[PDB]
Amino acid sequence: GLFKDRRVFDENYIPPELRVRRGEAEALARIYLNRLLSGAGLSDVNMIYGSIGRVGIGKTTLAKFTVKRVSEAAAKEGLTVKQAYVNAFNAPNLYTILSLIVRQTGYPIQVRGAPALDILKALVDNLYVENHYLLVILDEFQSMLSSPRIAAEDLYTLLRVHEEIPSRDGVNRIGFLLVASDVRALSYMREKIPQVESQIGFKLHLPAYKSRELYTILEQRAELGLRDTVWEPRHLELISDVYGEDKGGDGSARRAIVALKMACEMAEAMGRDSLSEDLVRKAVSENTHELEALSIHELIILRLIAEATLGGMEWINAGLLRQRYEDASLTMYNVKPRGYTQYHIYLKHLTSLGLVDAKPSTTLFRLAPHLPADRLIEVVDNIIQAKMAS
């Protein structure tokens, strides 16, 4: 045993307090509560997303922890807010979303063989009967927007419940916290459900963790879940210094905690009394996303788009980007520039990706608004160099 409590390291564990997102949780929780306390109970739809390609940055955690503190602060006011969490990777339709929600309520709502609409009505009625409020988390919400097994009208009936399913006493008792992978979710939403999107109370973008933030996160897991003589700060700094986004990493707290976990269980198999720097570096060592799968040609092409975007141009034409890609491809990346239809297939792939936007009337292209060019280019150049040398 290096562990004093192994649960602290499970993927699902939230700590009893936040030390990095900690302010921006008690606060939000303050938002959610003020609407409750001012009357007009629970109805807002809020949203959390990150940058594109970023994972393990505290989205889920911030949401779960925010809902929990809303519950607690509400309880002190004698109110009663219930929590539901639903992951879209587990919920292919409206039926299955509602069924997960009601099972977490504990209410006696008939769910077997029942219409979705009927479940939602029973839920609205139980919340009135109980005088309870429900705050629902919809995680991986982007993959609900694209799912063809969920229609616009389903998202509407859920997310504007109160417009379609009035309360016995007029009090709205369901709010939602959407968690999406990135800002592309908002376009989709304006496409599919603009009547909800134009009405979102708070949209919060979360940045990837810096090294000092990863330190603070690891330290707290160490304090809570490892024996006190087992780690020193130096051991934690070896992970945070590599994964901190200010030092060229991901900013992933999941990669950071997993690494620390792994090193602890390597020490244990050795019967060792503590961590050693070696074990941590070993873990860090055996431990960009939808950019990481692209072809050098797509990377090379997308890079040049960001440079136009970086130096004046809003919208490049096809012919121009074409010769530029040709010029750079053979002369600068020693790869042989592909043919015309193949180039335009790359260009279709990056637009289907929301990494590039098109403008029809060959087609006009600019870097997707949400990507910073100078720093994407910096990223696109590490991934571009992992492919040059193979």
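For clarity, a rigid core is taken as the largest C-alpha set superposing within 1.5 Å between two forms. Positions refer to the first chain, counted from 1. Compared with the form deposited in another entry:
The residue that stands out in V183, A308, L145, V86 is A308, the single one whose Cα moves by 2 angstroms or more between these two forms on a rigid core fit. Superposition of the core reveals a Cα shift of 2 Å or more for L299 between these two forms.
Once the rigid core is overlaid between these two forms, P108 does not reach a Cα shift of 2 Å, moving by less than that. Comparing the forms between these two forms, the C-alpha position of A63 differs by less than 2 angstroms, with the core used for superposition.
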Contents of the next structure:
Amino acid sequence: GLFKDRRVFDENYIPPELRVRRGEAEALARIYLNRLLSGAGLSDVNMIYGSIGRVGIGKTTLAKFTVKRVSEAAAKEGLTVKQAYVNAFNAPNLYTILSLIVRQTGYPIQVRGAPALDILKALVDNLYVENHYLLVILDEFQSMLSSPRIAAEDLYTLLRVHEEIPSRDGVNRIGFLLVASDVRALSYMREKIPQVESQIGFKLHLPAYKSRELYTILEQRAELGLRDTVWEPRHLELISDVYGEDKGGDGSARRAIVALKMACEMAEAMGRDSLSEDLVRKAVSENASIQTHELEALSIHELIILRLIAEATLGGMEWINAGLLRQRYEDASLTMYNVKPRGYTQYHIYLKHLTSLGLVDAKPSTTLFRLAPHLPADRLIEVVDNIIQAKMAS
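The block above covers the form deposited in one PDB entry; next, return the form deposited in another entry.
So it's only the chain below, everything else dropped.
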């Protein structure tokens, strides 16, 4: 029907080129290549993280595209770099991370009963036998940090492998690209394991996408994925104008792409063979992440303040001043929640924390606060209320 290749719209499709974040991909690729193309092997550890609470902003895509580029460029010089991708949500312990990494190399290394260290040794040996290099992406890295099943000392040996496990010929052949959801992963590493954190040479922060970038991203999906007659620029603008973070949206490329997908299948299902504006607009309106586990981690008192900031937004008065907020907070704790209001000192810590979680923006002129514009205010009020109820009962 409308599609010339539907797989261009699947969640792990990686485009043959990047048109947004291209420079960041080159910079990352170059740090690896600089070490490798100068005969110093592969050993760098770098990280990609995103804005706090933002999803679908290219963390995974950038990391995989970059490694892909390192591999193409190294082959022009005849080198051989293998790629291994591990999502650390999908792996409780280092033993599991490691056996996933060997599965991907294809090397015949027996992992039954082998300690994490020993698997790493066999890996180092096979890379030496073969004359190969291995660039490892560890995605959702933050889950490797909040995991009692993985010990500080282990991450240490993993991320400092060439100091702990030297190769036969002294050629370092393993580098790392860590991908974490946000800066807290770094904050945590600094406070808990600064000897591993210090190994990270380059940290790259991915922000949410502006409308212009989303437009560029949708245009590349249309070109590769849609038949040329099916779409028009304006169709795509309709998506990017709403989702752009400069326009009050998510800035999520995942959401934008899924909208365009949906609009196309909505056309097919009707018997149309091109898009129309109605279908695109339709798609945008049936097509937003609120992570309850983040809220559940918050104390009742933060949750009460979050709620109040949210309702001030829902009633068309976006931006509430410190004074009124405090008043409503004292008012609200006692009457609505039957808890005594916390003192000023504790209160300010709570407001700060909400801000640092990106849930609320704060601006002076005496402080003004608002819900993050991209947050659905009534969905959040709902979620928040139930969490307060559950914490109290407990």
